[PDB]
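Q: These are the residues of each chain, in order.
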Amino acid sequence: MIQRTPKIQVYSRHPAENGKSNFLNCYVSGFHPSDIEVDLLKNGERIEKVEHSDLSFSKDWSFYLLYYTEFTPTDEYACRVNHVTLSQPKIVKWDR
Amino acid sequence: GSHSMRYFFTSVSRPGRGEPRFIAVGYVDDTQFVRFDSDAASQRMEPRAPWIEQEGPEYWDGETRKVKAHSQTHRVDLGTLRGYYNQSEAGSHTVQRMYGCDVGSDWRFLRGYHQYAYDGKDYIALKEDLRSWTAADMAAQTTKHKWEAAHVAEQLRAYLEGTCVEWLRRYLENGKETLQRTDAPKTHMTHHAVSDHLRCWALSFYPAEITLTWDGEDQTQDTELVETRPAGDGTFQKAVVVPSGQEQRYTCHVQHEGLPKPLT
Amino acid sequence: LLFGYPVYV
Amino acid sequence: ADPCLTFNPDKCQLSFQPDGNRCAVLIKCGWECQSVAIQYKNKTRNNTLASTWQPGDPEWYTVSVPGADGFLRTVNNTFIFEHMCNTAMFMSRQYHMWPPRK
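Protein sequence lines correspond, in order, to chains C, A, B and D.
If you count by the entry's author numbering, then the first sequence holds residues 0 to 73, 76 to 97, one letter each, in order.
If you count by the entry's author numbering, then the second sequence holds residues 1 to 197, 201 to 217, 220 to 243, 246 to 271, one letter each, in order.
For what it's worth, the entry's author numbering labels the leading residue of the third sequence as 1, then goes sequentially.
For what it's worth, the entry's author numbering labels the leading residue of the fourth sequence as 7, then goes sequentially.
FYI, nobody ran anything at the bench for these hints, they're computed from the structure.
Each residue gets a CB set at the ideal place from its N, CA and C atoms; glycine is no exception.
One or more hints might be untrue.
Unchecked claim - Covered stretches of chain A, as calculated for chain C (at least 3 residues, CB under 8 Å):
1. 5-12
2. 114-120
3. 224-236
Said to hold, decoys possible - Listed below are the simulated DSBU-like cross-link pairs for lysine-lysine, each with C-alpha atoms no more than 35 Å apart in a straight line:
4. A/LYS121 <-> C/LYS94
5. C/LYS19 <-> A/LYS268
6. C/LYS94 <-> C/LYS58
7. C/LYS41 <-> C/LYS19
8. D/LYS108 <-> D/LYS47
9. A/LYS68 <-> D/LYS34
10. A/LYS243 <-> C/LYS91
11. C/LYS48 <-> A/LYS268
12. A/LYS268 <-> D/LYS49
13. D/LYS108 <-> C/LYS58
14. A/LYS268 <-> A/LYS243
15. C/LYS91 <-> A/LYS186
16. A/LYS186 <-> D/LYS49
17. D/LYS34 <-> C/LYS48
18. C/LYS6 <-> C/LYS19
19. A/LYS176 <-> C/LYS58
20. A/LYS268 <-> C/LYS58
21. A/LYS121 <-> A/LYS66
22. D/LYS17 <-> D/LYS47
The task is simple: from the sequences and hints, build the whole structure.
A: Right, dumping it as structure tokens:
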């Protein structure tokens with residue numbers, strides 16, 4: 000019955016190097032409830048072949064999830082994430 | 001060795017979508033152990049860590065019955081809790097759980113824990129003692145009375161000590177090779193200015212627990230507290248701006264378990 | 001490893 | 007049928023996996039047999055063993071198995087971890103976190 004604002008985050012498992020393989024990681028945390036729909040984007044729309052982590056809820060019952068995929072850093078990379086705190090989207094980008 | 005952790009349970013009442021879904025997850029330190037999901041293709045619990053796969057079907061078949069049991073007690077408990085507050089069955093509510101132990105450097109029993117959660121935050125938690133509970137609602141009292149009658153606290157205390165702990169050490173010795181590592185975080189030092197008139204971070208560490216102190222001054226406004234983050238492999242990762252000629256007296260102090268010395 | 005008695009609220 | 011008099015666990019399957027920038031080794035033999043002891047380095051672990059491989063670490067492992075005479079015989083098997091820890095730990099090479107030093 001209570002809503003808490005989710006903190007969303009696109010970043011890299013390893014420091015990005017031009018042409019070197021890596022993982023895209025969208026880490027979302029602090030939210031409640033756990034109904035969260037996130038999609039990793041690139042330039043337009045492509046990667047619905049997203050892999051996710053399993054649901055957990057930290058220390059103060061605030062959930063945290065990590066959605067990941069494999070890529071090579073170069076092209077834009079962001080995360081569109083919908084939560085129930087508000088019904089207006091959020092697109093957090095991977096800004097080095 | 002300042003290393004021990006917990007088990008997590010999540011049950012979500014679906015918007016009239018039949019039966020709740022249930023997530024059983026486990027952990028030793030920041031290293032996760034077991035994976036159960038009720039809408040998973042496997043009605044068994046899966047090992048995602050390799051060093052729990054040294055356990056036989058005696059441990060798997062005997063732990064897949066128990067998690068189903070947890071899913072059932074959850075799926076009934078939510079029916080109760082929503083049944084006795086003020087809800088509609090078209091509604092969707094959430095119940096999250098906790099029980100477990102920690103251990104010190106002598107690997108001996110550090111105090112254990114056990115807490116529950118309704119939609120909100122804290123519902124019922126085992127207090128930092130043995131027989132007791134901490135409740136702050138009204139239904140909380142009736143159910144904690146229900147646990148005062150069943151003599152739950154001590155029968156759970158006999159698990160917090162002697163069952164969670166020896167299994168914890170058993171895990172620490174069967175995965176000794178993967179928990180020898182106090183991965184020290186590697187630092188750089190960068191700058192960026194936008195107006196004519201920085202960054203404190205850690206990159207590769209095994210326990211997530213790190214303090215990153217940012220001269221004799223205290224703060225309240227300038228730093229943005231950020232959460233510690235998974236680097237997706239078992240490692241974790243973790246800013247302040249000042250006038251362009253005066254970012255040159257401060258340093259960032261770091262204390263980590265794998266850091267014998269705090270870094271200037 | 002898991003807690004073995006069915007706890008109910 | 008019979009599980010444990012068979013002289014067949016020579017091929018005890020093994021898998022490699024990246025866990026915290028080290029090559030995690032998992033030697034899985036049969037769980038249909040007790041006393042089939044698996045040994046890798048200086049660690050002995052029943053039917054299934056889990057350790058790590060780094061340059062210098064062993065590339066053989068011992069399997070202790072009782073025979074039809076009731077007597078146990080230990081058999082040395084050579085499987086190269088240098089050929090599966092270099093492949094599993096590939097992204098850790100580009101970023102200089104493996105070998106375990108630095």
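Q: Would you pick out the hints that fail for this structure and give their numbers low to high?
A: 11
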